[PDB]
Amino acid sequence: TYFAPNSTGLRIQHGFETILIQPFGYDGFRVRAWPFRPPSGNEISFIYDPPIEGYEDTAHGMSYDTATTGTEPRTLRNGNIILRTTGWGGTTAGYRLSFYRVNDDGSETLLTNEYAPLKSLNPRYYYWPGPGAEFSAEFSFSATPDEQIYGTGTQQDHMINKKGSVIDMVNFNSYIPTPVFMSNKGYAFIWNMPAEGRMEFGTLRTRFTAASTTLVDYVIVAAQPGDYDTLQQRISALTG
Amino acid sequence: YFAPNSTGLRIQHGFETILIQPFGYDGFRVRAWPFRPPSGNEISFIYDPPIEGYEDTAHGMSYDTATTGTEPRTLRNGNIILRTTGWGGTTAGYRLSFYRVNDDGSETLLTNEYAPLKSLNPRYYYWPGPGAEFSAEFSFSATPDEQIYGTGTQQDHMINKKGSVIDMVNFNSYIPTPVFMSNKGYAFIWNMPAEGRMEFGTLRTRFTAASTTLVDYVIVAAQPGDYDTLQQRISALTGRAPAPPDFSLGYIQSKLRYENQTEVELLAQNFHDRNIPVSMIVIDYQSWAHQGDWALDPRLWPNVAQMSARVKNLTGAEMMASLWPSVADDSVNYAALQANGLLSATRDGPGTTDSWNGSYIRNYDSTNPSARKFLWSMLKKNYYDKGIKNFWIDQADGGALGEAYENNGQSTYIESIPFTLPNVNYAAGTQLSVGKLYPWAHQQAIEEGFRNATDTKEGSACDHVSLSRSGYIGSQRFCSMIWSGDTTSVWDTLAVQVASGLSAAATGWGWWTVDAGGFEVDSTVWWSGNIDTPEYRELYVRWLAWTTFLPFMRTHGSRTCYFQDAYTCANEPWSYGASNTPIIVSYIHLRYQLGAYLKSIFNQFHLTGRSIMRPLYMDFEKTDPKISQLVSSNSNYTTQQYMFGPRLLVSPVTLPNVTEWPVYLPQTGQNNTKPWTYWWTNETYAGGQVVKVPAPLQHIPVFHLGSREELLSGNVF
Amino acid sequence: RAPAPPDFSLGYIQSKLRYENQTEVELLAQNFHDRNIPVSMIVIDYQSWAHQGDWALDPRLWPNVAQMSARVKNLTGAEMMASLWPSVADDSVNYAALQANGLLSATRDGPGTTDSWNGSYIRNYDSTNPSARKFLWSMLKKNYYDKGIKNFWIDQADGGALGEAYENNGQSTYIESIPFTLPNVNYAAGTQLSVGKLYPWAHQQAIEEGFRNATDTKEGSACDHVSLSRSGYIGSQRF
Ligand SMILES: *[C@@H]1O[C@H](CO)[C@@H](O[C@@H]2O[C@H](CO)[C@@H](O[C@@H]3O[C@H](CO[C@H]4O[C@H](CO[C@H]5O[C@H](CO)[C@@H](O)[C@H](O)[C@@H]5O[C@H]5O[C@H](CO)[C@@H](O)[C@H](O)[C@@H]5O)[C@@H](O)[C@H](O[C@H]5O[C@H](CO)[C@@H](O)[C@H](O)[C@@H]5O)[C@@H]4O)[C@@H](O)[C@H](O[C@H]4O[C@H](CO)[C@@H](O)[C@H](O)[C@@H]4O[C@H]4O[C@H](CO)[C@@H](O)[C@H](O)[C@@H]4O[C@H]4O[C@H](CO)[C@@H](O)[C@H](O)[C@@H]4O)[C@@H]3O)[C@H](O)[C@H]2NC(C)=O)[C@H](O)[C@H]1NC(C)=O
Ligand SMILES: *[C@@H]1O[C@H](CO)[C@@H](O[C@@H]2O[C@H](CO)[C@@H](O[C@@H]3O[C@H](CO[C@H]4O[C@H](CO[C@H]5O[C@H](CO)[C@@H](O)[C@H](O)[C@@H]5O[C@H]5O[C@H](CO)[C@@H](O)[C@H](O)[C@@H]5O)[C@@H](O)[C@H](O[C@H]5O[C@H](CO)[C@@H](O)[C@H](O)[C@@H]5O)[C@@H]4O)[C@@H](O)[C@H](O[C@H]4O[C@H](CO)[C@@H](O)[C@H](O)[C@@H]4O[C@H]4O[C@H](CO)[C@@H](O)[C@H](O)[C@@H]4O[C@H]4O[C@H](CO)[C@@H](O)[C@H](O)[C@@H]4O)[C@@H]3O)[C@H](O)[C@H]2NC(C)=O)[C@H](O)[C@H]1NC(C)=O
Ligand SMILES: *[C@@H]1O[C@H](CO)[C@@H](O[C@@H]2O[C@H](CO)[C@@H](O[C@@H]3O[C@H](CO[C@H]4O[C@H](CO[C@H]5O[C@H](CO)[C@@H](O)[C@H](O)[C@@H]5O)[C@@H](O)[C@H](O[C@H]5O[C@H](CO)[C@@H](O)[C@H](O)[C@@H]5O)[C@@H]4O)[C@@H](O)[C@H](O[C@H]4O[C@H](CO)[C@@H](O)[C@H](O)[C@@H]4O[C@H]4O[C@H](CO)[C@@H](O)[C@H](O)[C@@H]4O[C@H]4O[C@H](CO)[C@@H](O)[C@H](O)[C@@H]4O)[C@@H]3O)[C@H](O)[C@H]2NC(C)=O)[C@H](O)[C@H]1NC(C)=O
Ligand SMILES: *[C@@H]1O[C@H](CO)[C@@H](O[C@@H]2O[C@H](CO)[C@@H](O[C@@H]3O[C@H](CO[C@H]4O[C@H](CO[C@H]5O[C@H](CO)[C@@H](O)[C@H](O)[C@@H]5O)[C@@H](O)[C@H](O[C@H]5O[C@H](CO)[C@@H](O)[C@H](O)[C@@H]5O)[C@@H]4O)[C@@H](O)[C@H](O[C@H]4O[C@H](CO)[C@@H](O)[C@H](O)[C@@H]4O[C@H]4O[C@H](CO)[C@@H](O)[C@H](O)[C@@H]4O)[C@@H]3O)[C@H](O)[C@H]2NC(C)=O)[C@H](O)[C@H]1NC(C)=O
Ligand SMILES: OC[C@H]1O[C@@H](O[C@H]2[C@@H](OC[C@H]3O[C@@H](O[C@H]4[C@H](O)[C@@H](O)[C@H](O)O[C@@H]4CO)[C@H](O)[C@@H](O)[C@@H]3O[C@@H]3O[C@H](CO)[C@@H](O)[C@H](O)[C@H]3O)OC[C@@H](O)[C@@H]2O)[C@H](O)[C@@H](O)[C@H]1O
Ligand SMILES: OC[C@H]1O[C@@H](O[C@H]2[C@@H](OC[C@H]3O[C@@H](O[C@H]4[C@H](O)[C@@H](O)[C@H](O)O[C@@H]4CO)[C@H](O)[C@@H](O)[C@@H]3O[C@@H]3O[C@H](CO)[C@@H](O)[C@H](O)[C@H]3O)OC[C@@H](O)[C@@H]2O)[C@H](O)[C@@H](O)[C@H]1O
Ligand SMILES: *[C@@H]1O[C@H](CO)[C@@H](O)[C@H](O)[C@H]1NC(C)=O
Ligand SMILES: *[C@@H]1O[C@H](CO)[C@@H](O)[C@H](O)[C@H]1NC(C)=O
Ligand SMILES: *[C@@H]1O[C@H](CO)[C@@H](O)[C@H](O)[C@H]1NC(C)=O
Ligand SMILES: *[C@@H]1O[C@H](CO)[C@@H](O)[C@H](O)[C@H]1NC(C)=O
Ligand SMILES: *[C@@H]1O[C@H](CO)[C@@H](O)[C@H](O)[C@H]1NC(C)=O
Ligand SMILES: *[C@@H]1O[C@H](CO)[C@@H](O)[C@H](O)[C@H]1NC(C)=O
Ligand SMILES: *[C@@H]1O[C@H](CO)[C@@H](O)[C@H](O)[C@H]1NC(C)=O
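Protein chains in written order, with our numbering: chain Y, 1 to 240; chain S, 1 to 717; chain A, 1 to 239.
No wet-lab data here; the hints were simulated from the structure. Each residue gets a CB set at the ideal place from its N, CA and C atoms; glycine is no exception. One should not assume that every hint holds.
Okay, the calculated bits of chain A under chain S, using three or more residues with CB under 8 angstroms as the criterion [as the list claims (entries may be wrong)]:
(1) 38-47
(2) 116-125
(3) 163-171
(4) 174-185
(5) 202-214
Just a sample of chain A residues kept apart from chain S, beta carbon distances all over 10 angstroms, derived [to be verified]:
(6) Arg1
(7) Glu20
(8) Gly77
(9) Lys197
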């Protein structure tokens, strides 16, 4: 009785950047974005395709069902997670991402969306520091002051709630920063990137950065609140 | 005063040099650089010597002791002491730590360099280019209970910035400025013009610079709860504000936009015939022929000296005009600006920095002194010498043309395409290395022109003012007021503006204001900005009432309407319904009735940096024990209430259809009395409780300490 | 290995800057016919469009171009060639579509403009983007090829800036002489520094693909039509 998806993925052409959102595993979406040049195909990934456990029969790859330029809003549902493409500001469009969970009582809860209030930097920011095509990436997502962040690897901070902390993604003795975290809102998030960077768990914005990359890749999975054993069931099905 | 026994300490720690000097009262200045010494032409926003301090002359690079940091040392100036230490269990002197000597003799650690056993270097250097310029990341320790106030302006609805990351990139309504106070009893200034990052994490505070040749910061200590001294030290370091001209304290009429000369003359005729006082009429943008002409289009403003004189004859009001920093090819000044190198430019390609009005443009170089003087020669010829002697320096955030997206003026879809923000070339550096200076130097362009025409020195009494949307460290030194930028005309926006102005106060900015009623229409709220609907008419009257108790009372916005009889929808005190006209005019009269109180509190800000609009921790943290937590949680009682001067307590109504409003009256320190008097009922209440007062549409919840006749006299200090 | 050229291209090619409207072109063919002077191809130069990026003759001066090409072939038997620039301006009817589908190159920071011309700052279309090559042929085949103008003059497609070794083209020689750095723009195949030499080669390829698609012919076989290019690279003789 699983709410299987009706689309293999959505590919948005937003100017020079392409965003490929695909249903991935149970109650999960996989988002990939790149400016100008398509993925080489030799990028390093830490997630399984298809997931170790999920609704799928075969791997997704780059497959998608619908292509748009993001002029109009769209909606895609997989399991209990729903994606809603929207505009920025008062506009009605479909180049901004937002993720909801369908609760047991029929209502919906906003897990997170791309941090794009009226006056703010682009939630998918690209910057070219070198003469080549490799770029640095800064992706921003909304957050609430009451949110709680669990995981993010190991660190001697004497805290299990990582909210309000910045975690640099550079390894050294006793410090293994890993961008895999659970939120008490009922969702988990995987920044599937091997590049060094930064984890910002701010009061109103969650931001991940990549020092140098050719492709941004993350996965978001939803679960009913308080049910952390399912979140870990989904994370392990994605990463091992 | 505990004067220091050393002029400074210079540490040679490998290839990096650290120069720590006593600076002002209870302050230390720290400068560090790897390999190459400072050129001496770095951009600095602090005074040497401070405007007020123990010193007789400037410090410069002078120091008393030189060491390699092999052994620990101690240096004391005032109540702050520096202790150089090792890292880990080591005994050395290459790590910095700062303590305050309390009144009871004991000491409290303000902060040290974040260096636990396993951690990155608290002074991290990185070379991204082939040259010697470097990126810097400086880390300081922090505690989970700490509270951060200031950091500039932002629409975050918080006065406690703990747990937030603040990017140092300017855009509309967002002026990140690395000057903050901590509730531990110290202030900190990251004296750097480079773009970067502010990390106020749970256990680590980090500042970064994208490209620089020198790191420079100042730390100053004060006894806990005593924020008035922190602001006294900050203003002595970065600038003591001048006294504003008396006319600027009145009612400022503005909108988007008064389009031709005869429309402005009928506006003054309306204020005169209706016997409604007005102190300044503002002319908005798009009033020029081309971007960069810096003059009113004669086809719509044929005789502006006659216009300003007629406006002054009917209302006595002064005039203000708008200018943008962008110049297009169709400008009469484009060839001259291009030839003399007075324009910024992207570092490859044609050099255009953004777009507007269907043309791609280039911002003038405010860091170039020749460009600043070229621009005043236009403003003085076409405005100042023609009766318009106040200037609206709009859309000068720096880099792009005022927004966080490129291709301004085009479709919102194109604006949303993530074109990278430009790292432009300036005369003083690049956008990444010196970008934060651009709006600060733009204010300076008008300040230099003002002081030159009046033959007065900076810091003295102003004859005229400028209206700016951005700034930086020490922007309070100019005859210039900052406003919160483009806001939406909805109820939630009105509640968020308060915390932005309170954060500006903690940054050192006193001359702050908003757009009464908001600026932009919210397309998802059908009544937003509609001056003919009762829904927005209610919102505007609540908003206009609040601006009465702000450093500057000004109305402005881009309204919508059902009936239009001009170029744009109206925004005048008689444009919101017949029943609302007497309400708006009453607050206009009340504003002029507070003139003595306004000039008195603006003067103390000029002498001491005495904050004008005051967050509740500055006056009642020592007193009310409940306030420490109400600020930590960013309660509406602390993000939406404030002290306007030493006597008034203000709390705007931020909800529709409301007749009672809950105001938290803080404790004042006399438990057997009732010090709070409600303005509209004259009823007295005791401190330390939340009260629900009658708040009809015409009344804004305002309490006052002492007698009303004394605060109206100005004698409050 | 180069293809064999069409026989008509080996004759006399008449061109200048510039034949401005349709009636001037028709009187030119009438002159060759009345004087019995042979001509094999008539060329229409640039600035014959309404906006940069429209990729069509301005109807205010070329009202019926299918009739113009047919009249030219009736009087002289000559084929026709028209000019197109790779620049796109905001006033273009194709600007919104080119921007939304990512068919324009761009400088890597700032608004993205790559040069200037005709008093407007412009962006070059991305010849390395296969989708952009298709977009441009859909314009040329609609407004030229299917209307008797089946040879194309792909001018000012050197890559990076707009055809010159200086930025701010079309402006004063003093401004042009100011050493604004040549742009390291973003392409779909790389940057100007990493793949820039491909731009004019891929621009020739755009029309070669269009020519071979219309005639159902393989590249390298006999050509029915030609293109006039000012730049190229390794192996450009294959077109
Ligand atoms: C004291 O201090 C406190 C702070 O410390 C302060 O609290 C702050 O208060 C304000 C106002 O009270 C709060 O602001 C609101 O926040 C809401 C939540 O925002 C987030 O989530 C939404 C998505 O929300 C959808 O789904 C959830 C869950 O399912 C629902 O609960 C929601 O209702 C909403 O549902 C709709 O849309 C769904 C999807 O399409 C549908 O499925 C569903 O059916 C519904 O139709 C995100 O969109 C937000 O993202 C935005 O902001 C983030 C981060 O900034 C950005 O990253 C992102 O890009 C976006 O910009 C966000 O994540 C908002 O929903 C709410 O929005 C309303 O008002 C604002 C104006 O302020 C409008 O601009 C906005 O359009 C919304 O207006 C509509 O609804 C209002 C009233 O509800 C109507 O009046 C209005 O007409 C309009 O109607 C629209 O929808 C109607 C629905 O039927 C429809 O009828 C109409 O036709 C019309 O279309 C607002 O922003 C803020 O969060 C508080 N902050 C905190 C920390 O608590 C407090 O106020 C202070 N108190 C006092 C007295 O001062
Ligand atoms: C439940 O959870 C709770 C939280 O989740 C948890 O709380 C945590 O508990 C731990 C353990 O208690 C706390 O850790 C301590 O933190 C202290 C404060 O550290 C900060 O400040 C110091 C500098 O402070 C000085 O000045 C202040 C005020 O003036 C004094 O109060 C201090 O005592 C101290 O004074 C000395 O030095 C002064 C000047 O030099 C002198 O004037 C004075 O006379 C004193 O000699 C900073 O140095 C610290 O910085 C370090 O960490 C930051 C950030 O990580 C880095 O940036 C920086 O580089 C440094 O690494 C910090 O900012 C520490 O002082 C305290 O340290 C002692 O123990 C640790 C081992 O844990 C030793 O490694 C360390 O050397 C210290 O040891 C000395 O003193 C101890 C006992 O006090 C002796 O046992 C020991 O022998 C040693 O002796 C030395 O000094 C003696 C002084 O008399 C002397 O007699 C000896 O001869 C010898 O010289 C420790 O790290 C932690 O903060 C809590 N965390 C939080 C969030 O609260 C709680 O435990 C949990 N509960 C349970 C049941 O689990
Ligand atoms: C950037 O680039 C862009 C383009 O990429 C540049 O834009 C271009 O600039 C060029 C020149 O710089 C322009 O060429 C001129 O165009 C005008 C306009 O022509 C049009 O509009 C005419 C009238 O329109 C009005 O009425 C119509 C009625 O329907 C109405 O719809 C409309 O709203 C408006 O109110 C039309 O009549 C005319 O059409 C005619 O001719 C067509 C050609 O074949 C034909 O198709 C039509 O059937 C119709 O017959 C057309 O649509 C032209 O007028 C102008 O031509 C004059 O000047 C040129 C020299 O530049 C000269 O060679 C011509 O002979 C002509 O000269 C007459 O008047 C002169 C007075 O100035 C006079 O001196 C001449 O002698 C001549 O007149 C008389 O005697 C002679 C012989 O004795 C006789 O032949 C005449 O009939 C007459 O009796 C140019 O072609 C482009 O149009 C323009 N393109 C665009 C899109 O704007 C831009 O400048 C650049 N920008 C920058 C910053 O660099
Ligand atoms: C980018 O930005 C630029 C600017 O930064 C934008 O440009 C501007 O756009 C605005 C509006 O979009 C324009 O304002 C409009 O200007 C016109 C033109 O006005 C001038 O010329 C008039 C006619 O001139 C002729 O005769 C003279 C002889 O001297 C010749 O030289 C000319 O060549 C012409 O042949 C002239 O009559 C006007 O003068 C009058 O008013 C002035 C000022 O009060 C007096 O000094 C004069 O004495 C004289 O009375 C003027 O010089 C105006 O006509 C427009 O007004 C109308 O429309 C308004 C709303 O748009 C409305 O509020 C007005 O009431 C008025 O309405 C008219 O129509 C109504 C109903 O249809 C009638 O009821 C009413 O009677 C009247 O008929 C308006 O003010 C700017 O001019 C223009 N600026 C520039 C430099 O071009 C540009 O649009 C932007 N572009 C992009 C892509 O974003
Ligand atoms: O940007 C070009 C693009 O704008 C489209 O507007 C969208 C945009 O609106 C912002 C704009 O609002 C004006 O006011 C309008 C309001 O938009 C209408 O809803 C209302 O009915 O009428 C009022 C008055 O005409 C303000 O006057 C503008 O200042 C404001 O634009 C900002 O302007 C500043 C500089 O002044 C600039 O820096 C900013 O970049 C710019 O946003 O955003 C909100 C969307 O809902 C609007 O659709 C427009 O529709 C379109 O045609 C095109 O012109
Ligand atoms: O470049 C703009 C700038 O030109 C100034 O002209 C200078 C320039 O001339 C080059 C230009 O020549 C045209 O032919 C002119 C000729 O130059 C004149 O001497 C003659 O009297 O008139 C003819 C035609 O009217 C060509 O038609 C143009 O192609 C050529 O311009 C170059 O154009 C190509 C594209 O066509 C472009 O890619 C180049 O960037 C551009 O340079 O250089 C020689 C100087 O002696 C001239 O003074 C002009 O004065 C000025 O107003 C401005 O328009
Ligand atoms: C200066 O004073 C500090 C403490 O105030 C002391 O540790 C140091 O030895 C003194 N140095 C000199 C030269 O007096
Ligand atoms: C002041 O206004 C009155 C209005 O009648 C006018 O008579 C008088 O000349 C004006 N003075 C000036 C300097 O314009
Ligand atoms: C102000 O600048 C002017 C230049 O127009 C100069 O002549 C004058 O001396 C300056 N005023 C001073 C130095 O007081
Ligand atoms: C000037 O403004 C008045 C008042 O709004 C208006 O009636 C008139 O049409 C305007 N004139 C022009 C040319 O815009
Ligand atoms: C409140 O007192 C003031 C003077 O202190 C007076 O002007 C006002 O009318 C009083 N309002 C009342 C009694 O409602
Ligand atoms: C071309 O058509 C014309 C009629 O418009 C006719 O007189 C002439 O014979 C034709 N010539 C050729 C070569 O078809
Ligand atoms: C050429 O491309 C078109 C689409 O543009 C396609 O329909 C056709 O099959 C291709 N081949 C030929 C010979 O037309």
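Hint check results:
Here's how the stretch 38-47 of chain A fares: 0 of its residues keep a CB closer than 8 angstroms to some CB of chain S, so the rule of at least three is not met and the hint is violated. Check result for the stretch 116-125 of chain A against chain S: holds, 4 residues qualifying (beta carbon to beta carbon below 8 angstroms, three or more required). With 3 residues bearing a CB less than 8 angstroms from a CB of chain S, the stretch 163-171 of chain A meets the requirement of three and the coverage assertion stands. Judged by the Cβ-Cβ criterion of 8 angstroms, the stretch 174-185 of chain A is covered by chain S as claimed, because 9 of its residues qualify and three suffice.
Check on the stretch 202-214 of chain A: 0 of its residues sit with their Cβ under 8 angstroms from a Cβ of chain S, so the three-residue criterion for coverage is violated. The Cβ of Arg1(A) lies farther than 10 angstroms from every Cβ of chain S, with a closest approach of about 38 angstroms, so its non-interface assignment holds. Remark: the non-interface label on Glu20(A) is consistent with the geometry, its nearest Cβ contact in chain S lying 25 angstroms away (cut-off 10 angstroms). With a cut of 10 angstroms on Cβ distances, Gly77(A) stays outside the contact zone with chain S, its closest approach being about 44 angstroms.
Every CB of chain S lies more than 10 angstroms from the CB of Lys197(A), the least distance being 18 angstroms, so the non-interface label holds.
In terms of the numbered hints stated before, the structure departs from hints 1, 5, listed from lowest to highest.
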